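The chain that follows stands alone, in the form solved without the named molecule, written as structure tokens.
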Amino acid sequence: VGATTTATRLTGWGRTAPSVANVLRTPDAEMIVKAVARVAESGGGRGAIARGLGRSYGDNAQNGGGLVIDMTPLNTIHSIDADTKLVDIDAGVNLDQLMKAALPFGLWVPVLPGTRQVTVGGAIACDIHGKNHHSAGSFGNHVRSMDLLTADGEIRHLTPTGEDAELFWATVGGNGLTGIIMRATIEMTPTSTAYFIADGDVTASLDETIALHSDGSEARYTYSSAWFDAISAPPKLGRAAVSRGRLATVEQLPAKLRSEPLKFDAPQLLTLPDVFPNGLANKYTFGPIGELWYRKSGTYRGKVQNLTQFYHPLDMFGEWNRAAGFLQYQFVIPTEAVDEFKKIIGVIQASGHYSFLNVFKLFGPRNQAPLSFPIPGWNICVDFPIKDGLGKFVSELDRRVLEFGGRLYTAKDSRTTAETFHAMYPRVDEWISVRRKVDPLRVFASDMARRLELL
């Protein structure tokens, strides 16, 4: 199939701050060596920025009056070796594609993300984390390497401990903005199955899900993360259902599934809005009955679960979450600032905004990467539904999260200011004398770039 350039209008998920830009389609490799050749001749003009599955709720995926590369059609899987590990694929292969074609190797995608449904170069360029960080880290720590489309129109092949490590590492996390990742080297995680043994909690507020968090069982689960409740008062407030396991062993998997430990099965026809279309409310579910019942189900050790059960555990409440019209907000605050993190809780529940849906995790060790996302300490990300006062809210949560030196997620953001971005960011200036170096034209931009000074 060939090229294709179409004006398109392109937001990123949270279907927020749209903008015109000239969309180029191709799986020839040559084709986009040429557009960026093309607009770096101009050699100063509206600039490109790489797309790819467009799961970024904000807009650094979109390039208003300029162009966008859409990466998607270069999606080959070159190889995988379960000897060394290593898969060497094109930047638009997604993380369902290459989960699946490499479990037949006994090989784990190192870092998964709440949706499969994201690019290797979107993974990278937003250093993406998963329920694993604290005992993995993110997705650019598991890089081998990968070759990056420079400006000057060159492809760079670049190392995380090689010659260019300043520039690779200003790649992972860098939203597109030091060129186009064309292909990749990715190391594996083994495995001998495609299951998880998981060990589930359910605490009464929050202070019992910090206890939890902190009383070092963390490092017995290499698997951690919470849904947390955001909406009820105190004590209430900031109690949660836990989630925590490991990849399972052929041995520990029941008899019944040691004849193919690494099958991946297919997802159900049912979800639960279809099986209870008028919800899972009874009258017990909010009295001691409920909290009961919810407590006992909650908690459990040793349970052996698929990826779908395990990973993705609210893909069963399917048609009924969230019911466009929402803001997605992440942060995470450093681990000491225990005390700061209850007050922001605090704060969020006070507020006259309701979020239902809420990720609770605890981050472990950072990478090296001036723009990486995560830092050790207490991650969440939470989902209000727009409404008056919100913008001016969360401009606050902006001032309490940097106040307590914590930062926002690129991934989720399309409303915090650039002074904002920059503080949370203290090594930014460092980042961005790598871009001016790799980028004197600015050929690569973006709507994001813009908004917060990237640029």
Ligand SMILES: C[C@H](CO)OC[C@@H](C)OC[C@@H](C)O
The other form holds:
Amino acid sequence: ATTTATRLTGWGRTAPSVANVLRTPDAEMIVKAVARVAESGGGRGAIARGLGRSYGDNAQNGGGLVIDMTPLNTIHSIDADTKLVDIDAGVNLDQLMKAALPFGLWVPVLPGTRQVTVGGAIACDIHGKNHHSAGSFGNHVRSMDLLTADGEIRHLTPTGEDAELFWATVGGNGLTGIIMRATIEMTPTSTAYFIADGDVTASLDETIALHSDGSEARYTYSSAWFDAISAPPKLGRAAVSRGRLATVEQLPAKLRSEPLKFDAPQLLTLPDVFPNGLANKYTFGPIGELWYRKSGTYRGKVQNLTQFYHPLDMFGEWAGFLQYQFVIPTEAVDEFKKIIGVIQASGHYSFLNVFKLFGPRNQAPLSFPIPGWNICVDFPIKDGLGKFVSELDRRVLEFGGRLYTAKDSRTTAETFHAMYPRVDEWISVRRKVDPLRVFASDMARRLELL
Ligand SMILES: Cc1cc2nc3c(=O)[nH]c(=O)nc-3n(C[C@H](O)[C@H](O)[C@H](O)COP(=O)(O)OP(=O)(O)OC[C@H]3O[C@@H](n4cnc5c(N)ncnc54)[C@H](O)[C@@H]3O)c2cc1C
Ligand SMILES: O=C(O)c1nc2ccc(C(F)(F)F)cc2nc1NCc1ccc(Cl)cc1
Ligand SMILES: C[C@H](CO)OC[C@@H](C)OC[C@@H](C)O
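Having displayed the form solved without the named molecule, please output the structure of the form solved in complex with the named molecule.
Next comes the full complex, this chain leading.
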């Protein structure tokens, strides 16, 4: 148990603040720190911190306490018959994935990096490539133990007597208390592999058409990279990757011996093999166009996790960036296209772009995902950006969509509240379970959730 004044930022490395960071594997010691903050009521409160993968300010508390949860990382049990895992909130999804595979169990929702805690996964109600078929992380929690402001540990379930507080904690960014422990229902699987279909579109219109032609219902997993820099018609052209978990008999004979094995992250990546880039005299001409179309079009390709899910891993080596993520309701297709147009003409160039059609939402009043067009872009920080993303906020807002707290460090409270029309409902729950504001964060203060 060590308390240390530490300078903390999100993954985006901005808006730093200084907090007292408690790092203890001792659960009783955590209960006491919270009991202390509640006693000298009130101060600048406390907030949990997972692995720090949120880009913004949700896991920090300037001039307050921050409880690092990563030492509470015991997997208590895994059961293949019930498909249930019982794990501390500090367990991470990579650790969990590894521990569970031998049981034929699969982490039901995986984000774009496995370095996130169970606590972070719940508090941000994270989504992945399978949202349209599996919903978000919150949908899969069968119980969790929440340390509240009064110093008690409350056992919450999605349909029990504490359902309301359960669903306020899902997506609650740690502002209902500290998730100590949870039970997750896993997805059964017979292999660690995917059967994947790849498609390449020529334009924004094609990308939308492919996601609206009914084909999505044939794949449990689906996401795309899209072009956000090229002028129309090239704007919004996409490499789409869709699939489902493979069964044993679908594997080639070579891989049937160990169907649930995970492959090691290799020493040599593509920057190590080709140091001078991948560009040749063909890349930007018709043969290049033809080559990209071909490599990105395929059917029934067997892929492991890295290949199917982390296709940025092969580009290795390739701070001053602003991550922006929003979703626009399904029906607002024209408005969605408009927003992509605004991005392209902005003079702000993003290369790392995610496109995904979200499925049905859950009952959490602060849950980010709603059915519709989800987009992430990554803008280099340069003159004009701050004021331009505010304009984007305005358009996202008026088009019925919202920003994601896990990605935000700079939107206003007014915008956020308008984007989340159930925020008042949520605030009423939070105020009932934390009258003295024992739990607090830089985000809570910025977005007036405190
Ligand atoms: C490369 C990359 C790819 C990503 N891809 C995706 C994606 O595909 N989908 C997606 O949804 N997100 C994605 N994210 C965002 C990420 O999944 C979330 O920010 C997640 O919350 C990070 O978990 P963490 O353990 O690092 O939590 P932190 O960022 O440390 O904390 C996040 C929030 O969770 C709260 N919290 C953490 N632990 C606890 C606890 N034990 N009890 C109560 N509250 C707690 C904190 O108070 C804070 O509000 C991505 C992030 C990166 C960097
Ligand atoms: O960096 C992030 O914050 C991120 N956010 C994501 C949000 C949603 C999705 C989803 F839509 F696929 F679920 C994937 C994400 N991948 C992410 N990162 C991995 C990645 C993989 C490929 C690309 Cl073209 C760009 C990013
Ligand atoms: C962005 C989305 C999430 O992982 O999938 C990207 C795939 C479809 O494209 C591969 C990239 C590297 O070109």
